[PDB]
Amino acid sequence: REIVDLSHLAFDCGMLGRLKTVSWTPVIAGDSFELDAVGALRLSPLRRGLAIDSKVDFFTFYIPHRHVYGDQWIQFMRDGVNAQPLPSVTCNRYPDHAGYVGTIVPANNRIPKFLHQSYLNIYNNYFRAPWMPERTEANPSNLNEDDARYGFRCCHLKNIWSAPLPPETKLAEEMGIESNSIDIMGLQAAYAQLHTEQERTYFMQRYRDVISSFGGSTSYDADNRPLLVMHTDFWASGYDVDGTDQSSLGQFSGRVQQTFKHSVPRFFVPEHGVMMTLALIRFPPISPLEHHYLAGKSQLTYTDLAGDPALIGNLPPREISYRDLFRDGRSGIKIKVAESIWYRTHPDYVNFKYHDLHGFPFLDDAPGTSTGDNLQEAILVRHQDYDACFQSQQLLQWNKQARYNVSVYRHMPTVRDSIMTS
Amino acid sequence: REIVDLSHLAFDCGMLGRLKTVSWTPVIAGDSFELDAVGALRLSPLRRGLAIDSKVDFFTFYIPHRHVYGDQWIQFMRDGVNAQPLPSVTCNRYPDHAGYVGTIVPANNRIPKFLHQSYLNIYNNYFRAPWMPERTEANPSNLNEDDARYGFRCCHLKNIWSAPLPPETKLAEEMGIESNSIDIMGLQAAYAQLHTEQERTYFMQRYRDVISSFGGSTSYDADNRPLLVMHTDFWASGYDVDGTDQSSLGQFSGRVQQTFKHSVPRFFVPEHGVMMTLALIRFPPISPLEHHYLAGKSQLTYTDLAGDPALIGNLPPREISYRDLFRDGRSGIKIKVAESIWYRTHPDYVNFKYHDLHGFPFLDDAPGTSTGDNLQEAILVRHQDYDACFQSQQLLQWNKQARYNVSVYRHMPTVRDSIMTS
Amino acid sequence: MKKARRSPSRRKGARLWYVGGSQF
Amino acid sequence: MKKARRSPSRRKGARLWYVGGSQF
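Chains as they are written, first to last, in the deposited numbering: chain F, 10 to 431; chain F', 10 to 431; chain J, 1 to 24; chain J', 1 to 24. A prime marks a further copy of an entry chain.
Each hint should be verified, as a subset may be incorrect.
As the list claims (entries may be wrong) - Cross-link-like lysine to any residue pairs, in silico, SDA-like; alpha carbons within 20 Å at most: (1) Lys3/J' with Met421/F; (2) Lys167/F' with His392/F'; (3) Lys12/J with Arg10/F'; (4) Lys64/F with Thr378/F; (5) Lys64/F with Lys3/J'; (6) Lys2/J with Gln266/F'; (7) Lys12/J' with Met421/F; (8) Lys270/F' with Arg6/J; (9) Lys270/F' with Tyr18/J; (10) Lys345/F' with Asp313/F'; (11) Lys270/F with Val19/J'; (12) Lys179/F with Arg87/F'; (13) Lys179/F with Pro326/F; (14) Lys345/F with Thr378/F; (15) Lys179/F with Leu203/F; (16) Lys12/J' with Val424/F; (17) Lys2/J' with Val265/F; (18) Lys270/F with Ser7/J'.
Unchecked claim - Here are some chain F residues the structure puts well away from chain F'; computed CB gaps all over 12 Å: (19) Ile12; (20) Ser16; (21) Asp80; (22) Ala138; (23) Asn189; (24) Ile193; (25) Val219; (26) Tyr248; (27) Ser257; (28) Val265; (29) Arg291; (30) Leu309; (31) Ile321; (32) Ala397; (33) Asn408.
To be verified - With beta-carbon atoms standing in for the labels, derived distance ranges: (34) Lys3/J' with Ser379/F: 26 to 34 Å; (35) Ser226/F' with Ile113/F: 44 to 52 Å; (36) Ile428/F' with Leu203/F: 19 to 27 Å; (37) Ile428/F' with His355/F: 12 to 20 Å; (38) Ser22/J with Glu43/F': 29 to 37 Å; (39) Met1/J' with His355/F: 32 to 40 Å; (40) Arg10/J' with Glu143/F: 34 to 42 Å.
Hints listed in this document are in silico derivations from the structure and should not be mistaken for laboratory results. Cβ atoms here follow ideal geometry from the backbone N, Cα and C, with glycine treated the same way.
Can you make the complete structure from the sequences, with help from the hints?
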């Protein structure tokens with residue numbers, strides 16, 4: 010039960026919408042793990058001055074190796090010094106193609122399963138929309154160029170068009186009825202049943218959440234969810250650099266440079282596993298093309314304008330399309346929003362003029378404009394959408410460097426003891 | 010979050026060595042379950058007066074339905090009112106053949122899987138010797154007459170001959186060596202490796218115990234172990250009835266009748282499942298045929314008698330047979346005991362005279378005498394071994410009756426609410 | 001072994017039996 | 001962003017490097 014010093018530096022960088030691992034540490038059952046990270050985060054040089062600050066999120070999860078290797082792990086630990094070695098997973102034969110899990114692809118082109126599987130588990134349990142397809146690549150080598158190097162894509166910050174009710178939301182519930190009569194008792198049950206269905210669709214799609222619904226609870230082992238140990242978030246601001254020569258005089262370049270601390274309070278590691286810490290930089294989806302929902306409606310009806318409570322609480326969801334929110338909105342992208350939601354929140358505004366000035370991190374094209382009539386593809390952040398505003402991604406879009414001070418108490422014979430025989 | 014009164018009576022009975030369920034209650038996620046049981050336990054009429062008291066054990070485990078139905082359960086709860094109904098398991102077409110899980114075999118000859126599987130899980134996680142074959146019957150119908158009606162058999166109380174080191178205990182560890190030299194550094198490692206192997210064999214055969222070894226911990230969900238909520242134990246005493254007629258004058262019959270309380274403190278049910286409570290009545294294995302190990306040795310050596318510490322701590326286990334412990338001991342049953350263990354504990358003594366008097370719950374025949382050269386069969390309590398001392402098993406060997414006061418707080422609409430439509 | 005002879009009362013909690021009216 | 005420029009010292013804990021003697 011002595012101290013092991015695992016502190017270390019980390020220089021990293023990535024694409025906008027994608028979730029990248031910035032530091033992982035293997036731990037052992039019985040370990041007491043504490044982590045205090047501190048550093049600075051920056052963005053590649055901007056074409057113009059500063060406009061809006063990006064929002065940065067840092068996470069640190071704990072994942073039991075058992076969650077990865079399954080029964081195979083249990084045997085491993087059980088059989089002890091007789092265990093059949095754990096298998097490695099494969100990566101594409103390229104240095105960077107392991108980037109998502111924070112490591113260079115080693116000489117043999119394969120990395121420990123716990124890195125890959127954890128990243129997956131983390132993504133599937135907290136980052137993707139609950140209704141989106143569960144991410145299930147088997148090997149880092151099954152990942153595509155972008156994903157493998159920069160991490161998976163995550164959802165845009167929540168707004169009316171990026172947080173629609175799950176696409177399969179019921180818009181009407183049918184109930185059969187005998188040719189001339191209706192069982193009012195059945196109708197009653199019908200509603201009840203519906204209620205359970207809705208609650209589920211709207212917010213209890215995950216087992217754990219259903220059980221919470223009953224006022225019960227579930228261990229993280231129940232559904233194999235990575236354990237979130239610490240979540241930090243902050244805005245990334247900086248300064249402008251003044252141009253001073255004959256032609257650059259009166260010009261500006263935004264240099265974003267933000268300092269930040271991410272500290273995990275002493276945590277007890279019950280079983281062997283990994284402590285992964287990842288980052289995610291995003292820009293609120295402002296767009297000179299989005300307009301208030303009501304500004305777009307052609308026939309304004311009492312139900313739209315009035316804001317009559319009696320109606321707002323008993324109507325079904327409303328199906329509308331991106332065309333109804335952005336001028337160049339794609340009509341093929343349908344979303345189901347809650348009635349009179351446009352009266353519950355206001356959207357950001359950008360004069361159409363900024364629409365074509367390179368250097369602003371605004372979405373100068375309605376979301377999903379180049380991914381086709383596909384909702385998921387519009388919701389997930391497309392990092393290219395930002396290529397336009399950077400002088401040059403020599404270090405991708407963002408980048409950072411920080412010191413990770415890690416102290417871990419654990420049973421560990423001194424190096425002297427290891428190297429000495431008698 | 011209101012009260013549901015599940016109190017109830019229970020008249021039960023069973024065979025000696027076998028573990029029987031005495032009361033089970035289905036619970037729901039969010040429930041607060043409290044149980045205070047009280048009653049009396051008896052044994053069928055004895056042939057003679059009272060000799061020794063039997064030791065009774067009561068247990069109460071909690072088992073999440075998830076542990077039984079697996080992912081299939083998760084889906085069930087997830088899909089809610091659209092879930093494909095859970096499957097039932099089959100029993101033999103006989104009323105009593107469900108007895109082990111405390112229920113009469115219902116009209117359709119099938120009982121809910123959670124009853125059967127739990128019983129199994131309980132047995133495999135706490136009652137059988139860790140080295141014995143994991144009990145894996147698929148359906149109550151795969152169980153044999155005795156088991157299905159009376160419950161599985163458990164281990165005799167621990168003693169030198171019923172608690173031997175697991176049969177596969179190493180008695181020597183070989184280490185290869187080059188034709189003329191030996192790597193003393195390797196030898197060092199060799200020992201270390203052995204140590205891990207031993208620790209495992211001796212007491213870390215279960216995953217959970219290995220992890221505890223590291224000073225870590227595991228949830229009960231990790232290896233799917235039933236959660237032990239309360240364990241009670243007590244001796245069953247009674248009185249003698251005096252014979253008073255011409256021929257019975259001066260005769261006695263032992264009537265054992267013991268009162269007992271088994272109370273489970275308010276427990277929080279995190280997920281749907283069952284609260285099973287089982288009993289186990291046993292007789293310490295006294296035998297007019299067992300003798301002190303040293304009395305049986307033919308050639309008493311310094312190593313046996315001296316009790317020289319230097320030796321006792323560095324010799325390997327000792328292989329001996331039941332023949333070395335009982336006069337009619339079976340020589341084919343080998344056991345591996347710890348050196349000079351006979352100097353760490355003394356055995357009970359019964360003058361060979363009681364050897365053939367019917368009415369005493371002594372083992373009048375060396376354990377395993379009628380099961381063949383098989384250790385497991387000797388260790389597990391053979392209830393027939395006792396048939397001899399009972400006037401008549403009209404109610405099997407033991408039997409009891411008690412009131413189970415159960416109070417459970419839970420979200421439960423009033424019956425009025427259920428039956429009323431509007 | 002006093003209670004063990006008599007089946008509990010189930011007096012705790014709400015009403016369970018609606019049978020049309022009072023029935024002894 | 002003071003520490004972030006300098007690689008930690010790993011001064012906490014016991015000795016790790018045995019290399020035959022003192023080496024600067």
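These are the hints, each one checked on the structure:
1. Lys3/J' with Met421/F: Measuring from Cα to Cα gives roughly 28 Å; hence the hint is violated.
2. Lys167/F' with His392/F': holds (17 Å)
3. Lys12/J with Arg10/F': Measuring from Cα to Cα gives roughly 14 Å; hence the hint holds.
4. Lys64/F with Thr378/F: The hint is violated at about 23 Å.
5. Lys64/F with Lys3/J': violated (23 Å)
6. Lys2/J with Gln266/F': holds (14 Å)
7. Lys12/J' with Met421/F: holds (14 Å)
8. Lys270/F' with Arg6/J: Measuring from Cα to Cα gives roughly 16 Å; hence the hint holds.
9. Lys270/F' with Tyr18/J: Not satisfied, since the Cα-Cα distance of roughly 34 Å exceeds 20 Å.
10. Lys345/F' with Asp313/F': holds (15 Å)
11. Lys270/F with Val19/J': violated (36 Å)
12. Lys179/F with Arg87/F': holds (17 Å)
13. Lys179/F with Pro326/F: holds (8 Å)
14. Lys345/F with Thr378/F: holds (19 Å)
15. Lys179/F with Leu203/F: It holds: about 9 Å lies between the C-alpha atoms, which stays within 20 Å.
16. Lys12/J' with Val424/F: holds (14 Å)
17. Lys2/J' with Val265/F: holds (18 Å)
18. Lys270/F with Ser7/J': The hint holds at about 17 Å.
19. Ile12: For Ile12/F, whose nearest Cβ neighbour in chain F' is about 15 Å away, the distance exceeds 12 Å, so it holds.
20. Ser16: holds (23 Å)
21. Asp80: The claim is violated: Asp80/F sits with its nearest Cβ about 10 Å from chain F', within 12 Å.
22. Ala138: The assertion about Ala138/F holds, with a minimum of 17 Å to chain F'.
23. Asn189: Given a closest Cβ separation of 21 Å, the condition holds.
24. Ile193: violated (7 Å)
25. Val219: violated (5 Å)
26. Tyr248: Fine: 48 Å to the nearest Cβ keeps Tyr248/F off the interface.
27. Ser257: holds (60 Å)
28. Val265: Its Cβ never comes within 12 Å of chain F', the nearest being 42 Å, so this holds.
29. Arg291: holds (30 Å)
30. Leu309: Answer for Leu309/F: holds, closest chain F' Cβ roughly 38 Å.
31. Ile321: Its Cβ never comes within 12 Å of chain F', the nearest being 25 Å, so this holds.
32. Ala397: holds (42 Å)
33. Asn408: Consistent with the label, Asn408/F stays out of reach of chain F', its closest Cβ about 37 Å off (over 12 Å).
34. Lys3/J' with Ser379/F: 26 to 34 Å: Distance hint for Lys3/J', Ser379/F is violated at roughly 42 Å.
35. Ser226/F' with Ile113/F: 44 to 52 Å: Because 35 Å falls outside the window, the suggested range is violated.
36. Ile428/F' with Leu203/F: 19 to 27 Å: holds (21 Å)
37. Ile428/F' with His355/F: 12 to 20 Å: Because 48 Å falls outside the window, the suggested range is violated.
38. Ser22/J with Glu43/F': 29 to 37 Å: holds (32 Å)
39. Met1/J' with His355/F: 32 to 40 Å: holds (37 Å)
40. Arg10/J' with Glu143/F: 34 to 42 Å: Taking Cβ atoms as reference, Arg10/J' and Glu143/F lie about 40 Å apart, which means the hint holds.
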